[PDB]
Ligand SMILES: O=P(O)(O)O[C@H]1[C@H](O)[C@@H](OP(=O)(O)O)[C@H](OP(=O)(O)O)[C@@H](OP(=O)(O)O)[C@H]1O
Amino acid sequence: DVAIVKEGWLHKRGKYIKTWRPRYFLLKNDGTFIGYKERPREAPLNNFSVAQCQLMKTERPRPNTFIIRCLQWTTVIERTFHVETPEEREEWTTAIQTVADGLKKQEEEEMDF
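Any chance of seeing just this one chain in the form solved without the named molecule?
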């Protein structure tokens, strides 16, 4: 069954306004990545799958930024996050990567041959 893999505060850059705001995110092993205004009913402000997504690291405009990029149909979705240390970024990117890898292995076992 589906369990939380990692949860915690992330600084998220907005989609339309490119400002940064603190958000409480939860990553689940089915690829669910859900973000709330406060530590959690109250609906989430962000809700997307990390399945088939790409992790990118950047230092501008903020150090220790990571981007989750997902190509969906014609559209490309990007979600931008900042944490205070490069170690915390590695903490998050490793967790997201391992979940994505689990789901990729599952897809490949279904689609290959």
Given for the second form:
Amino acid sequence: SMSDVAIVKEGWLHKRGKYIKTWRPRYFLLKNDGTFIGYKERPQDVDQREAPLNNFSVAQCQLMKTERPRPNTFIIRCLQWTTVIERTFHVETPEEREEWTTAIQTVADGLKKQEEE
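Form solved without the named molecule done; form deposited with the named molecule bound now:
So it's only the chain below, everything else dropped.
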């Protein structure tokens, strides 16, 4: 339950439009349970956390790193019921990128191990 109610990583990143190719600021939270919730601003109190901007599952995903159109870009491709969603993000260093990427992967491995048994 409670590990399964925790926050793995949170912080700001750039999120690119699907179609309108602009980077936009989002405060994101990586949850143990596999949800990835994003916000316009860093969610102030608890009450603000309850109106998110972005919401997807990242248990069952591919973590890909790219250097276009910006260095330290990454793409998350994650299964979402019957379809995949792909989302493109950006951070200032490859080391930040590598930390975000490794943390997402940590959440997914957590749950792949639970599905196995």
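Only residues modelled in both forms are compared. Rigid core (definition): largest C-alpha set, two forms, superposition within 1.5 Å. Numbering follows the first chain given and starts at 1.
Shown in the overlay between these two forms, fitted on the rigid core, is a CA shift at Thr75 of 2 Å or greater.
Relative to the superposed rigid core, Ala100 shifts its CA by 0.7 Å between these two forms. In this core superposition, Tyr16 moves its Cα by 3.3 Å between these two forms.
Shifted region between these two forms (core-superposed; runs of 3+ residues, all CA displacements of 2 Å or more, residues common to both forms): 71-76 only.
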